Every structure is written in structure tokens, then in C-alpha cells.
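Engineer: Next come the chains, spelled out residue by residue.
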Amino acid sequence: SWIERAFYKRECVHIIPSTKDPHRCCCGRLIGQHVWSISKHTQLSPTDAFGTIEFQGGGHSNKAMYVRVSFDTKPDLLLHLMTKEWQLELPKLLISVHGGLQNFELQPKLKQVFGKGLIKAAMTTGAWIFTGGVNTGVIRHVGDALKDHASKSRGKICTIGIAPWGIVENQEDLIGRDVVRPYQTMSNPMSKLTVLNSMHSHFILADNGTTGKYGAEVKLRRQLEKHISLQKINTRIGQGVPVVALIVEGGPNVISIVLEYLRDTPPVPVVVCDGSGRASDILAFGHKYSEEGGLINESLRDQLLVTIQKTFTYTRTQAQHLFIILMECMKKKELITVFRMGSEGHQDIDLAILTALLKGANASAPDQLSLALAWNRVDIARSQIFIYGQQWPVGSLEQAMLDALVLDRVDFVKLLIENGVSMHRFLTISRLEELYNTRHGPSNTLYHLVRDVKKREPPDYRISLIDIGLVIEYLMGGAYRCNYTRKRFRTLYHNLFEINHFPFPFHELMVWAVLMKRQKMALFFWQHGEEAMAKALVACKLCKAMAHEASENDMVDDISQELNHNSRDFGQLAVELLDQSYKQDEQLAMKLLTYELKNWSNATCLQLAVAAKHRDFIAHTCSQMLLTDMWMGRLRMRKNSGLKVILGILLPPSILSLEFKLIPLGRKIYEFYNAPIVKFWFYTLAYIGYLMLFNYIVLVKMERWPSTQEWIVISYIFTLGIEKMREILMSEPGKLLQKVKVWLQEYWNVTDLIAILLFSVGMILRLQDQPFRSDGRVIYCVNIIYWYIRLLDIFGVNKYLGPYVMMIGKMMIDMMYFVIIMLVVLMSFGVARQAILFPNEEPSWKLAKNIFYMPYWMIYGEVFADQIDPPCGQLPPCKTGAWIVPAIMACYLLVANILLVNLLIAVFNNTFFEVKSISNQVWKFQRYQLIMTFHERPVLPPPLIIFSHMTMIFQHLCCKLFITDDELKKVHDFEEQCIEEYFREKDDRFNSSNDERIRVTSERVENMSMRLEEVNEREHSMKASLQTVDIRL
Amino acid sequence: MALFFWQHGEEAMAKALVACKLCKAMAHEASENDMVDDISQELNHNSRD
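Going down the list, the protein sequences come from chains S and D. The first sequence begins at 1 in my numbering and counts up by one. The second sequence begins at 1 in my numbering and counts up by one.
Hints should not be assumed to be uniformly reliable.
In silico DSSO-like links for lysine-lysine, alpha-carbon gap of 30 Å or less [to be verified]:
id, chain 1, residue 1, chain 2, residue 2
1, S, 213, S, 310
2, D, 24, S, 924
3, S, 63, S, 92
4, S, 849, S, 879
5, D, 24, S, 639
6, S, 583, D, 21
7, D, 24, S, 644
8, D, 21, S, 639
9, S, 799, D, 21
10, D, 24, S, 583
11, S, 487, S, 63
12, D, 24, S, 799
13, S, 92, S, 454
Source of the hints: derived by calculation from the structure; they are not laboratory data.
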């Protein structure tokens, strides 16, 4: 309704001047078909021809918006139609194609090059194509080109054509108000009226009142092209949209249109094509034979006049007037860019048209770069924006590098580093403060990440890097304490906002990449800068934490799967870099696996890898022989294990017969029981010593005063009680409730504390006699059940016991579900038996025992044969319908023992296959989890860990390899070989991959047929030319 | 070079079997040594080839 109330129209009400034909009026319509003011007397009224048009026929079905407006309407009102009602964004380029209204045919290779040129130009910048509207001539070649676009490319070209309303066939077919009107793409050859072009998107059909005559659209199109060029482009750097005028052939008028474009403020560059003929070919011949612009000699002025008088069929004074207009155009020779078929004329339409916009704008290089970044057309800008030996005005590539990061310009960053914009000098503190708050590019939920950490600690919140340091440490967690939250930068933030320069810029740039989820750029930030194994492990780990936040914020479930892609990238990549490092220098690769990442909060990378929970990295071989270095400790030893260690523990002089890798002999014993193998077995024998005592004290009598047997059992529970609580109070965080939380994720730790306190509950009841001693002995017999099962943990270490311990764990969840269905069937026959065998029963709790009594162990192979069918009758009376209870037994034991228990056999059998595939690897993952914690375990025995408490307190009251920088320097040197060695073999296996070899061959053999099609035709003409002069000779 | 020398000369069935046996002997011999296990892998690879 807004279109009818804002746009106007005009209709022919007039005095009917016959002129030539009595029916044909001044407007050309029929004399009875009626219903500027000079001779047409036209009246203004609201429109009734606008909406959508459904194009019926002509191959592909497409819909084009349309409107009929007056030719005298303001271009700002038409501009607001496109941007608001038609939902069209402001274009980054305007292309205005002009040419002959007559139909013509060009060369086939010319039409293919010009066709694929205009499509590809309209995709990369998203330009607007301005045509003549109707399906005639050059516009017909445009709609044939977008016919090829609709057959092979995803895009939708904004191809807004402007035609007179009076010339289109079937005007009554196109009458409506926001109504879809079908259109016929058939054109009658007898009718002089022509249909619209089939491949168009919008129409600005302009009515001057007349029908069948042109000129109703040129002034309105010109003013709208001027009005769009006054609009500033979104780069906001001091420039409008660029406008280019593409010319194919054309007639007498297109030379004047060229003149209006060149003699305009601001000037509009023009691009002309060769081979079509007529006015484009006289422009090309004039341009090549021009010398110094308007300085044209006398032989070539006459040659221009005779070709005008021949091709355009004009007189002598008409050719001379046209040559004056050409001379006025050629004074501004620099704006014309001539495309020539073949030769050195850029071999492409789009290299001609776009660099015509560079020198046609003639702006400052900062202004020019913002256009190139707006198109993401980096191929041309490599040769244009910074061309070879081109000067550049200072102080803008740093702001343009900021624009490159926010708009995902991974390719333009490579050109800024091609100049060498110092990525550290760029990255001041306030530069990075600015980079985080900007909401350009894609969606990134760091506004939500800062939102939910202020709950635990404005729409344009000035997000500090102090705030970033906080947002990191939640998602990274642990003892990672970010270098932002150092007191150095906290003091250097409020008092200050090259000492504001970050020392290792790509490190924090990876952070700012992966928080913003631009993986394409994350990979680049990783590529450059060192500590790359660190950077990858940090990358995948954080990514999984972001996938956790996708679930916690209830973000879109898609977001989880890109981060599942990304952790499988960063994870696999980390294994690839490690594996390559193991293929060069195995020992120095281990040196890379040990050094503390002081930049990354003083933390070992292998510590970060278990925190990454990434199975495959630890599972790689170089990680495992690094773990056996810890496990074996300071002990040479060999393949033999177990036995020899027990020899050192039991027999004291065996240490002198154990190979190591009187103060040195004191140092031998000093760290012999600091070996984590030795602390393993010697904890094991002390724990078997616990069970061996604790079976005794429950099986034999227990008098009132506890014996020496029980005192040692109580001492062992106290020592493992208070040494576990040393581990909690020194377990990473400072918050006391948080250290309780840290100890709580360890599942075996939780059940241990339960049994320590449960035995201590029965300890007090046991000091007193009955009725307290009565349950004091019983509850100990429940504790003995636990410590038998706790010994399963000690089994876990072994190569072959490692699978079994956790495998029964995953089969326990499958065990749970079987218990419900077995319970139902059990309870089913359970009450069916007691409702019939004993019909007369008082309400007692002993009844519920009898439900679960006989059928439960009857599933395990004992049918209670005495009670299958109790002989009665001939004996107390047979309970009525006891001829049913043996029958229920049959259905019970058949459906349960032969179906249900047999079900728990197959669901066990094949899930065993997936879980055995992980149990090799997850065992190796759990290795570092326990090996390091034996080194952090009590030094002496647990009973002498009371002596250990003593030593600890004495030292207290009285009071990674630690490598240096130049050692570390060649450690990083070892890394940038290996990062080049990954990215050599990735495009190696991309080239040698069999499919790719097929891929390249088809494109190469594509070009074979094309230029051999040349060679046969050119040897055809060479053959005929040879024979022609052979007769002459 | 062992493949090259095995190519020439006679008694090649014999030399192939003896080559497999010496590679297995070095496989358990470096299982006793346990200095580089990548060559127990690739001496098992030499024996299997």
C-alpha cells in the first residue's frame, strides 16, 4: 500500500493528433484505447501496476519484482523502495551496461568471455547490474549469461533492469497491486513491441505516457545512478560507491552517453569491448590510433570518418559531428579501458573492469584498500592496492589490519604481512582492547561468555583484556592462571588505559581467533609464531570447553558440532606435529614434551594434554616411553620388572646389585624408594598387609580390649585417612570448598572416605560391650566387603588387567538395565505365588520377603524342587486354582533364564568390541594420571607416613627439566622444521592422492582440446593459404 | 643391499629363510637389549618381508 501512496504514474489524455496514421496518436496507441503535458496533456494518478511477476516458460522459473513509476520521480524515493521494500542491501559496485537496442550476434568466444566476466564480477562484490530491461540486443546477451549463471552457480545477481513501460508487450497482463502476475516469454515477431528479459530480478519500468517509443528511461536511470554514487559506502572512509559503465557496440547515442559520463563530477570510468562492431569498434580503433589523446593526425581522422559513414550509414556532416564528439571523449583518454579479445588485454573482463575502477576513482590508497577488502577479491588487489613499486601514505595498514581481522580476511592478512606490517607493533594493548569489543564478521558468543562469568565474579561493554583474562580462566580452569591476570598487567591497565607491546603476538592472536570461532584464521595464527604444540593443546582443550558452553547457554546444537570438528582438528594436528617430531629426534621431542610453558601460565604441555582429555596424544609412543622414564625413575633396570624391584624392597643389599642411571651410596637409597615403581609395590605390600590383618580380626573372636592385630588395622585406616586429607588440602585451588570439589571428581576417592568413616563409626560401638558390640562386629564385616573391592584399583596398573577393570565398569551400566526387566518378571511371579499358595495371610512385613524369596535364586539354577507342585488332596486342601502356579513357573523360568539372561549375553558380546578398542588406549591415558601421583604419594610407608608428617613439619618449621633459554631456543628451532614438515606432506599427499591425479588431468586435458581446436583450424587456414600461392607459383 | 645380494647368487630359498631367522634372532636379541624398540618393530618387518 506504500508503493501506491508514494509512487505516481501518468496516462495519456490528449487531443488525439493523428500525424501520419489516424489510429496512431501522439502516444502511438490506438485512437479508442485512451482511458509530459506538451502535446500529450497527461494527468497524474496513483499506480496500479506493481508487485511480483512469475515468468512462465523460457526454461528456469524465476520471480522478478516490478514497479511502474513516473519518469519525473525523485531518485531518493526510488532508492528507499529498493532498500526497504525489496530488502536489497546497498551494493558495493554499480555496473551500468549500455548498447544497441537492435538485435545482434557476436563471436562465440567473445560472448563466452564477456558472459563469464559479467557473472563473476557480480558475485565477488555483489554489484548491481543496470540494463535496458527489454530482451533486445546487449540485454539479450546479458540474460543469456545469467541463463548460464542459473545453470552452474549458487548466486542470485541483483540485475535491476530499467525499460520504458510503453514498449513492453502484454501491458494488461502486468496490472496488479502486490499480486503475482504470470508473464509469457514468447515474443510475436509481427509486433514491434518486445517482451522483458527472462533472467532479471527487478524492474523500474518508467512511463512517460507514451507507448512504443524510447527515451522514457534515460534521464531517470541517470539521476538514480548519480544518487546512488552520492551515498557513502559502509567502509566510511570518505568515499561513495564506485560506478562503472560497460559498453558493447551501441549506436549513435552511446557516444554521447560516454561523453556525459566522462565530463561528470565525479568522473565515471568506462570499459569497452572489442569484436561486437559499430560504436565500440570505432572507439577501439580510435583509442589504439590516438597518440597523445586529442592529437590525431590527418590520415587517421579520414579513416575514422569513412568507417563512420560506412558502418553507421551517415552523411559527411553527420560523420564530422560524430568525430567532434569522439574528440571530446578522447581528451579524457585515461578513463577509457579497452578490452581486446586475445592479445594482452588482461585475458579477462574482470581484470579490465576492476582496475578501471582503481584508476577511475584515483583516490588515496587507504580509501582504495577499503574497497578491495569490501569485495574480498584478493587476486586483483595483490596487483593493485600494493602494486610493485607503488608508494603508500603512512598510518593506515594498521587500521586496515584491524579491518582484516574483523571481516575474516585470512587472505588479506597474508598481504599485510607481505608488506610486513609488524604484527607486534600493530598489537598494542589498546589495539587488542579494541579488537575484542567489535561485533563485525560472524557470530561469536564471547558477549555471553563474559555474561556468565560476571555472575561468578551493557550492549557495548568495553571488554577489557583483564575481563578476557577472566573469561579464559573459567574455560581453561585448573592451575592455568592467565598472563593477563598477572598483577603486572592489572597495574598496567588502569594506570595506562613498546612497553605496551606483547612479546609473542601470535600467541594471543590464536586466543582471539578461537574465542571468535574463525577456524580459517585460527589455523593461520597457529601457523606463525612458536610454542605450536602448546598452542594446539590449548586450542582443542578450550574448544571442548566452548562446546560445553553451547550446552550450558542452550545455544544452537549446530555450534557443538563445529567445535567437535575443531577439537578433532586441533587434536589430530597435535598428534601429527608430535609424530613428525619423533621421526626426526626422539630425545629432543621428549625435551619438547617436558619444558614448562611459562608464557602459558607456567605449565607443562603434557599436563595440558591430560587436561585436554585427548586420548591419542598420550597414546602416541613418544609419550609412553616418556612415562616409563618417570615410572622407572632413577633406575636403569631392563625388560625384567616386578621381581627385581621386590628384591630391592625385601632384601636390603639388593640395591647394590640393581643398575642405576659414602654420600653417593646414601643418594642411592635416598631416591630408590622415591622411584614410582618402588612406591607402587611397597604401597601394594602394605595394603595386602592391611587385608591379611583385617580378615583375621573379623574371623576370630573379638574381646573387649582390642588386640595388637586390631591396633595396626586402626593405625592403617588413620594414616590413609589423614594422608588423603593432605592431598585434598594441597590439591590445586585455594578455596577450601574448591579443594573438596577437586578431590570429589575422583570416584574411587569418594567411596574410600565413606569406608574410613564407616569403620570409624563401628570403632566407637566396638569399644563398648553389647548391645553396642553386637553391631560393632557386624559393620566391620561390611567394611571388609569394601576393601576387597578397593584392591581392584591396584590391579588396574597391569597391561592385561587394565582392560578388565574398566571393561566390567562399562558392562555394569548394561548390567543395570537388565536388573529392571529381571525385577519386573521376578516381582510378577513373586506375588502370583504368595497369592495362591497362602491365600489366608495377615498383613505382615514377612510377606514381602516371600515375594522375592524363592523365584530369585531359582533363576540361578535351583528350582526348589520340593515346592514345584506340592502333593495335596488325598494332606491339607488344595488351594483352589493351584493347578496354575506350576504353570506360571514354566513361563517364568523360560522367559527369564532362556530369553533375558541369554539377552545379557549378546548385548555383552558386541559392545565388548568397541570398549576393547578403547581399553588399550584409555589404559595408557590413565597411566600418567596415577604415575605422577605416586611421586606425589607419601615418601615412606603409609604407617611411617606418620613419620612422614614428622619430617614434613621439621623441614617446615626450620625453613620439567629446568632448561635455560638457548637450550630452549633450539627446541623451538626443532619445531619450525617440524611445522614445515607437516605442511610439506599435506600438499604432498594432496598431490599424490590418486583422485587428485585424476582431478588435475581432467582440467589439463580440458585445455588440450581447446587449444588443439585452435591448431587444427589455424593449420586449416595455413593449408589453404599454402595451396593458394602454390597455384600462383 | 641384502635384497640385492639375495637377488643374485643361488640357494635363494635358503638365504631367505636364514635372513628371516637372523632378523627374528635380532628381534628377541634387542628385546633383551631394549634400547630402541622401533628396530624390534622393523627387524620384525625385515623378517616378515
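Engineer: Going back to the hint list, which numbers does this structure go against?
Structural biologist: As far as the earlier hints go, 11 and 13 are violated by this structure, in ascending order.
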